[PDB]
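Based on these hints, arrange chain H on the given structure of chain E.
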Amino acid sequence: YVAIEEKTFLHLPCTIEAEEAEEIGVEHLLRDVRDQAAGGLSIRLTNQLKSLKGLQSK
Amino acid sequence: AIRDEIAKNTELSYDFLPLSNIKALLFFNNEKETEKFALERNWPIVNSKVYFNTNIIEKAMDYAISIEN
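Protein chains in written order, with PDB author numbering: chain E, 137 to 141, 151 to 203; chain H, 184 to 236, 257 to 272.
The reader is advised that the hints may include incorrect statements.
[Said to hold, decoys possible] Simulated crosslink set (DSSO-like; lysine-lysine; CA at most 30 Å straight-line):
{"no.": "1", "chain 1": "H", "residue 1": "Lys262", "chain 2": "E", "residue 2": "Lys198"}
{"no.": "2", "chain 1": "E", "residue 1": "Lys195", "chain 2": "H", "residue 2": "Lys262"}
{"no.": "3", "chain 1": "H", "residue 1": "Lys219", "chain 2": "H", "residue 2": "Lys232"}
{"no.": "4", "chain 1": "E", "residue 1": "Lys203", "chain 2": "H", "residue 2": "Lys262"}
Rather than coming from a laboratory, the hints here were simulated on the basis of the structure.
Just chain H, with the same shape it has in the complex:
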């Protein structure tokens, strides 16, 4: 219940982590539990290092038809 939080935190925190740092955050004693979790989190992983990621005419007529009702 906590870890997702940090995860759900860190997703928006910053896009870029070394794997050792993910272990540091999520309180793992293991390196592989990490990418276990990240896959479970769908996190694309690069070699220890993870990444977390109507025309105007129309608009005009829309404003009009909204006005003349």
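For reference, chain E alone in the conformation it holds in the complex:
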């Protein structure tokens, strides 16, 4: 938020932008939490091709 005129708080967008050091840190800390993803083989192999088409579109 900021304050513009009256004078209320304008809402603003945000992001979490990892600087290289925080890239390294957040990575090294979140190593372990990574998911198992027990979905069957067909499920995974499906998720993939979905992702590929997505990339194609972009």
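Positioned in the frame of chain E, the structure of chain H alone reads:
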């Protein structure tokens, strides 16, 4: 019936022969009978000296579809 044998032997034996040696093996009394035979055997001859000579992605999906039948 014997000579082909030696031939069919020597094809795999070793790639490289002097013509006099082929005569020695095949029991020829003649030098020209040799390249007669070798042509009949399709052997490319150099001046007395003969010579006797699927993507991975696919593979993966193949293993899968073989598994999920």
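Okay, the hints, checked on the actual structure:
Taking the CA atoms of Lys262 (chain H) and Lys198 (chain E), the gap is about 21 Å. The hint holds against a cut of 30 Å. This hinted pair checks out: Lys195 (chain E) and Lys262 (chain H) have alpha carbons roughly 20 Å apart, not beyond 30 Å. For the hint pairing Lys219 (chain H) with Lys232 (chain H), the CA-to-CA distance comes to about 14 Å; that is within 30 Å, so the pair holds. The hinted pair formed by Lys203 (chain E) and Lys262 (chain H) meets the criterion: a straight-line CA distance of about 28 Å does not exceed 30 Å.
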